[PDB]
Amino acid sequence: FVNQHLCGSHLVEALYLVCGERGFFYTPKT
Amino acid sequence: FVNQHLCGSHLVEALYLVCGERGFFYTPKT
Amino acid sequence: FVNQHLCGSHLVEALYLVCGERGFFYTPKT
Amino acid sequence: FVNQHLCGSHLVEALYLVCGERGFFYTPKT
Amino acid sequence: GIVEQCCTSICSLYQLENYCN
Amino acid sequence: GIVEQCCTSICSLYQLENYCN
Amino acid sequence: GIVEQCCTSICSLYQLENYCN
Amino acid sequence: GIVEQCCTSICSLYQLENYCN
Ligand SMILES: [Cl-]
Ligand SMILES: [Cl-]
Ligand SMILES: [Cl-]
Ligand SMILES: [Cl-]
Ligand code: NA
Ligand code: NA
Ligand SMILES: [Zn+2]
Ligand SMILES: [Zn+2]
Ligand SMILES: [Zn+2]
Ligand SMILES: [Zn+2]
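Chains as they are written, first to last, in the deposited numbering: chain F, 1 to 30; chain H, 1 to 30; chain D, 1 to 30; chain B, 1 to 30; chain G, 1 to 21; chain E, 1 to 21; chain C, 1 to 21; chain A, 1 to 21.
Hints listed in this document are in silico derivations from the structure and should not be mistaken for laboratory results.
Where is the CB? At the ideal position from N, CA and C, for every residue including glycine.
Some hints here could point you the wrong way.
What the hints assert, rightly or not - Here are some chain H residues pointing at chain F (derived, C-beta under 7 Å):
no. : residue
1   : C7
2   : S9
3   : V12
4   : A14
5   : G20
6   : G23
7   : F24
8   : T27
9   : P28
10  : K29
Pulled out of the complex, with its shape left as it was, chain F reads as follows:
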C-alpha cells in the first residue's frame, strides 16, 4: 500500500479507490 501520513483529498478519496462500492464513513474527529 502507499504508506503515508494522509490528510485532505489525500485520504477519504483513497478509500473509494480501495473501499469499493460498499460505502464509507469519515471521522475527522480524533
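Knowing the structure of chain F, use the given hints to seat chains H, D, B, G, E, C and A with the ligands on it.
Structure of chains H, D, B, G, E, C and A with the ligands alone, referenced to chain F:
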C-alpha cells in the same frame, strides 16, 4: 453519460469540505 | 495535517518561561 | 545517558524525548 | 437520487448537506 | 477515530479496510 | 487540549495561559 | 524537589522517569 465512478471521486470532494468535521456517509452500491 | 510532534516542541518550549514559578501540566495524548 | 545540572528551559525539553505518548508536567520550583 | 441528480446535473453546496454524515 | 491512526501515523490498506461497509 | 489548535493556529503569551500549570 | 535532583547535581534517565505522570 453517467459515470458515478467519476461523480464519486469528484463529489467526494464536496463531501469532505461541507462535512469535514461532522463527516459523511456514502455507499457506492447506491 | 500539522505535525505537533515538531510543532509542539516550540510550544512545549514556551510553557516553561511564560509559566515561571508555577511550571506547566502537559499530556501528550490530548 | 547525558548527566549534568538540569535547569532553565533546557530541561523542560528533556521529558519530551524521554516521557513518550503518556504525558507530563513541569514544576520550576526546586 | 444522489447519484442521479448530482451527476447528470451539478449540485449546489447547500443541498449537499442533505446527504451528510 | 481514523486520524490518530492514519494522519498522525501511517495507515496501511487493511488498517482502514475496517473503515468501510 | 490545546495541542490541536495552538499548532496550525497562533497563540502567544496570552491565550495559552488557559493550559498552563 | 524536582530540579535539585537533576539540576543542582546530575540526574539520570531513570531518576528522571519518576517526573512523569
Ligand atoms: Cl473527473
Ligand atoms: Cl499537504
Ligand atoms: Cl517544525
Ligand atoms: Cl546555560
Ligand atoms: Na484531486
Ligand atoms: Na532550543
Ligand atoms: Zn496536500
Ligand atoms: Zn476528477
Ligand atoms: Zn520545528
Ligand atoms: Zn543554556
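Consistency of the hints with the structure:
no. : hint : verdict
1   : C7   : violated, 11 Å
2   : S9   : holds, 6 Å
3   : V12  : holds, 5 Å
4   : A14  : violated, 11 Å
5   : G20  : holds, 6 Å
6   : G23  : holds, 4 Å
7   : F24  : holds, 5 Å
8   : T27  : holds, 3 Å
9   : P28  : holds, 4 Å
10  : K29  : holds, 5 Å
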